[PDB]
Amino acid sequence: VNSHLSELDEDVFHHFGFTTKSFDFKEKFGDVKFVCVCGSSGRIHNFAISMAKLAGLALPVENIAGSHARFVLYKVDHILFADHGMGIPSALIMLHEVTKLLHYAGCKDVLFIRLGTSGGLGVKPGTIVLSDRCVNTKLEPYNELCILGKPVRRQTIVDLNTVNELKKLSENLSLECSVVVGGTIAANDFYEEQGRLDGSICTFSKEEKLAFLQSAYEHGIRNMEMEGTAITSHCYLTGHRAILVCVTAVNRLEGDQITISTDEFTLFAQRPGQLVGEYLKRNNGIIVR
């Protein structure tokens, strides 16, 4: 526990627009055992509603966050829902403020679930990838930080037991997609760091792009996104667990452009929740009314 927090009479969650004086955290959040996150406030809101209907609830799924807040926050039974924007720094803001919230509420050993979108490597678009490791662009299982101007690295740890439970569950469901277990690269850029040729700047050839991506695949990487190393390093360090459940929107061994229709992208992006929603129903995420 960050000992400095106890020196505060009131702790302001700036990016969620409330403070420790806004509610009684233990009463309001004490029963939380799952935190579902993704880059889109709209998608995670819709997922929250879907879980509320699964739980047989008939009550408004209200945003707990302030109206001018950067992030949204919903609660359905034992699950918190929040967005995290795009990129490690944005995700870290969510992680700091949400893990503090869990601390004030007395929640222990919570499972963070990132329901994301990603670029696939050697899998068909629309595939769900269950990350079994989260690595940087050098394929190292670490998140890098620069703290007080000094280099710091934090190891990434995926909850492999839950990953295997999810894979097994997928074998007993009727998903119209494949579910693959594999490694996941997190990058600080959508274009150049992910080896895309179609950014506004590109200093490499398709041959060099191919060598980079094929090497990743040969090391077991099956998708690529922008938050995984932050989520799977931070949670472990604050005493919680984390997994990534991300759908693929393109096969990067075939192209860079996201060419699938807006409707198909939206459909694809709901597939992680389709799997995880059933998982939550079977593991006390919701009360099955």
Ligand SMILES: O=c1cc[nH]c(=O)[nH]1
Second form
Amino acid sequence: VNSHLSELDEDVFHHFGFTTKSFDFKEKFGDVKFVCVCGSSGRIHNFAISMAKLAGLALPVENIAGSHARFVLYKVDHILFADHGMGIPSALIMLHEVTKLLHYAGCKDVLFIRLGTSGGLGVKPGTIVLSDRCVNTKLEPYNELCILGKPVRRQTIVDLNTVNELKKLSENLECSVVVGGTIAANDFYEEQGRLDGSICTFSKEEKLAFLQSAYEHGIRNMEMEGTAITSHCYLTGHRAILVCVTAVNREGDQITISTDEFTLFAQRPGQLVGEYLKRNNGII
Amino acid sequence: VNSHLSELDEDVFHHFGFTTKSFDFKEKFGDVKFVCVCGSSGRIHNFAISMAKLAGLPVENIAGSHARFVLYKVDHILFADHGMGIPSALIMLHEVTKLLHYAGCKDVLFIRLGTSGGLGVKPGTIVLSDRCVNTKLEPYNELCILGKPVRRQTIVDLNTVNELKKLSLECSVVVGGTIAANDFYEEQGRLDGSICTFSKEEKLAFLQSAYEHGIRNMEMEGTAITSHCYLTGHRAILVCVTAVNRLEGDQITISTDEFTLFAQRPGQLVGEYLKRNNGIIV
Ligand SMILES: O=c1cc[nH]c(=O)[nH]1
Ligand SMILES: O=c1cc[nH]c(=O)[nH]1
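Now show me the form solved in complex with this ligand, since the one above was the form solved without this ligand.
Entire complex below, previous chain first.
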């Protein structure tokens, strides 16, 4: 743990717009055992409302975050909900402030579940990929950080037990569900091998060779936060999984599916997860 | 220009929620010469509102329904948000520069109106970036393209920076270097994250070393903006207010209202600049 936190009289959660004096953290958050997150405030809120319906809470699902917060925060029974924007650095802001919240509240062994969207590798659009490993662009199982100007690597650890549980649950439940490797990229375009960005320094042939070699090593999708979430949670004593839908066969680059078809796909991770939460005391 | 764009019948701006078939891009965006951006949709919306009122002209979102980003236009100025962090900024950068190209816009100025941590300056200070560097203090944006390391020089429109300093309020305006970090906490040398593997002395050493090399503030996007724009034939500057003196602490202790006040200061300077240099029609 970070003993420097003892130096504070009050901790300001800058991006959630509240402080440790805003509530009794033990009282308000102490019962939390799950944290559902995704890059969209709308989507994660939508998932929270669905979970409140499943659990029988009728009162609206309201934002806990303060006025000028960057992130939203919801609570349904023993489940916390938050967004985290796009990319590893945004996700780390969420991760730091949420895990401090959990610690202050005395929450232990919490499960973080990322309900994201991604680009697939050799799988049809609509496919849910349960990550068996989050890996960087060089296919290395680490989150890279540069702390105080010095390079740090942090091993990526997926909750394989929960992942296998999810796979088994999926076998008993409108799409394909695949366990495979997941690429985490700091770019939506060039580093993910897209030819249709504003800047491109490689040919199609060079793109494909990069993608197949990734595929051959078992990669099934590509997104932008995985290495951050599955490395951080483990390091802070919690568990994490990625359950991501794919929006394209990286056959091409463009996301050509309609907005509504996309909305449909992006809810598929929530569908599987909601049942898993339902069967494992996420809700009363 | 990426020739691969010609292989597309339609180009989908996924994160803005429209496509090349949504508008006549030449007609709709052709007169744009400025793009003002920041991490907050609300702040940039309010800024666009302020500029429209200044120009004596409802500022409606051009971006689609399920979009991650907002997009507004007031006369010759585009406004958009970009979340937090280099990867999220790159998303905005790719899609907006592609939009500018489809519109036939050339040599456009990107202006990031941000918040940051100050090094050795008082909170509420405006820092005009004369360089954007990484956490290793290199004036480059690092990328990993097709699994291979690539470095891109960061170019700040220093001519515009000089003009802004001359133009310049209840605050100081400083020209200095700007660190872009891939984190708010550990990579910025904060002691108050959920994880911290260093001491106060190692923190200060990191920041003093940065300060000695001219750095005056620290944020999370600068190297992305100032490398990408130069490579796509455009110009870029950062105008960021400071919210804390990082040599004195990490926590943002100023009130929400005061933070909001500070965060509007870059717009005060830049807004007057835009009025003077045909950003809006006067
Ligand atoms: O193809 C995709 C879709 C979502 N996010 C990504 O990083 N890539
Ligand atoms: O210290 C700060 C303040 C705002 N934004 C940052 O990235 N860092």
